[PDB]
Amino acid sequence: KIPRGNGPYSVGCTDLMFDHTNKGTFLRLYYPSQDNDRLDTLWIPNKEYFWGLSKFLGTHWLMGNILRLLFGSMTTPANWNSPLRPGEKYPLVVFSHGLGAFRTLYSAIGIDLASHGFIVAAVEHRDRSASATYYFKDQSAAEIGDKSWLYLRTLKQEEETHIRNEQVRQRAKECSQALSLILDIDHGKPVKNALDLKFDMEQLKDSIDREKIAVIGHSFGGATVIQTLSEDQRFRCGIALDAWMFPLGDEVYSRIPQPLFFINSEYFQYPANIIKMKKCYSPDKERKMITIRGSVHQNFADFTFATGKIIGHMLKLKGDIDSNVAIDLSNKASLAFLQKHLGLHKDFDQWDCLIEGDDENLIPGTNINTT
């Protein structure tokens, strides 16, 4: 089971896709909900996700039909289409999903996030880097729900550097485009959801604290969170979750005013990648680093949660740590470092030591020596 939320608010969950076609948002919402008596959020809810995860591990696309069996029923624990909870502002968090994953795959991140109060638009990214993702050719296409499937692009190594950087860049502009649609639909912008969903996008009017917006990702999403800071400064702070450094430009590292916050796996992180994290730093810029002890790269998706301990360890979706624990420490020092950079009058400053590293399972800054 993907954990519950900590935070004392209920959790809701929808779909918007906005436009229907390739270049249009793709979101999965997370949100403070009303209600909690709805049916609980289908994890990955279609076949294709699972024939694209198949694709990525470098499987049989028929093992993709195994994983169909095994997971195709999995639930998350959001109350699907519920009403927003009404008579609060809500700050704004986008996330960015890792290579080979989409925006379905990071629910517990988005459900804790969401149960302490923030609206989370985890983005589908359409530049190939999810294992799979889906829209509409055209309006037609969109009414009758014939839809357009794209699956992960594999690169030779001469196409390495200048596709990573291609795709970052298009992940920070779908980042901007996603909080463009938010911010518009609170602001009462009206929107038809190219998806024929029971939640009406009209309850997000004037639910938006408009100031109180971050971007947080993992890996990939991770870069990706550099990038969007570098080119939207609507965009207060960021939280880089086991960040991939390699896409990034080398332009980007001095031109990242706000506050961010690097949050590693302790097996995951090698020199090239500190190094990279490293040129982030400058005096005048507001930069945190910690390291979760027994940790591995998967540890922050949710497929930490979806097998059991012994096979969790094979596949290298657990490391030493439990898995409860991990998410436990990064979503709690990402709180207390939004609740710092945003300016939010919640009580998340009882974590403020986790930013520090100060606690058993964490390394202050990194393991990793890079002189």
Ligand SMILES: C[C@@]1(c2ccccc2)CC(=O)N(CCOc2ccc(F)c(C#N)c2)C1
The other form holds:
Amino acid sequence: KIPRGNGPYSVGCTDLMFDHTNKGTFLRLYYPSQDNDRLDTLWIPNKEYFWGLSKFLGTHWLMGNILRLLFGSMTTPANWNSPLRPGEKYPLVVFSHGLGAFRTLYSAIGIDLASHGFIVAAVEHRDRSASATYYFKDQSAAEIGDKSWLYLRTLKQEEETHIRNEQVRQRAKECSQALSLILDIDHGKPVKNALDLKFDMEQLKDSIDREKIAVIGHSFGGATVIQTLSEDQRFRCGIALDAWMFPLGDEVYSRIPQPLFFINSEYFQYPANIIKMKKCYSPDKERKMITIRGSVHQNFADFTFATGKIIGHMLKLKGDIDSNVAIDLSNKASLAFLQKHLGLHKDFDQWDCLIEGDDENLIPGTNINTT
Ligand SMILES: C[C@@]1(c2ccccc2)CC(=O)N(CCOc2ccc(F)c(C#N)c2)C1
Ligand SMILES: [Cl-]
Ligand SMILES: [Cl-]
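Got the form solved without the ligand; could you also share the form solved in complex with the ligand?
Now the full complex is given, and it begins with the chain already shown.
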């Protein structure tokens, strides 16, 4: 089981696609909801996502069917299409998934943030970095739910530099576009969700605190954080969770005016990657870095909660540290950073110590030596 948020709000969840095309925005929303008795949200909602995951892992598409059999009725504790909690403007987080992931696999993080009073828009990227995603080829296909699927693009070695950069820039634009969509919806622009879901988007009118916007992401999504920030001044800070820095152009390192927090796993990182993180540092710019002791790269995503301790450790979904303990540290450090850099009037400053790595399960800065 994926854990419930620790904050005082109930959390709801829905999906938004607009427009219906492969250049439109596709996101999963997590939001503070009213009390309700709605069903929990289906974690991986389509069989095609499991086929995509199979391709990502480099196995037979038949392994997709086994993953589906195993994980396909699993839920995450957000209430599907529950009404939005009225009477408050919420800060907004745009969330970017990793390579071979997709919008639904960072619910542990999304739910927790929402439970403390954020709206979270988890984008699904159409750069062919998602294991799978979908769109509709025309209006009629949208109306009848006739999906067209795009699966992960596998690259030759020779393409990696150029295409990964292409992808991160597209990811950035997708983050910007998703923000613009939510801002339009906030202002009251009618939006026809290409998904025909029973969640009225008019609820979100006047629900967004328009100036308090952050971008957060895992691995590829962490590089996405940095690109988005350099390109789009509406995002006031970023949190990169175990950023994979490789996709970023050399030009961007010196072009990130906003506060930026690096939260790393112990075992993922390596000098080449850390050096690039360090290139973002400058005495006029706000940067923090911590490393979660005993943690692995997948501690930041939901599959860390999907298996037992032994199978999970063997698969590198779990580290030495307990997955709940790890994500709690990342989530609370994140909340303190956000309160400080969006100017929130909450009690997240209670975890200010975590930003400085001041906890028995954290390492201030990094364990990686780079001299
Ligand atoms: C491919 C990466 C990598 C780069 C260099 C070396 C090693 C790995 C870059 C990247 O974005 N990564 C994160 C991918 O996270 C995922 C993928 C699929 C999932 F189902 C879930 C879940 N839950 C999470 C690792
Ligand atoms: Cl329901
Ligand atoms: Cl790892």
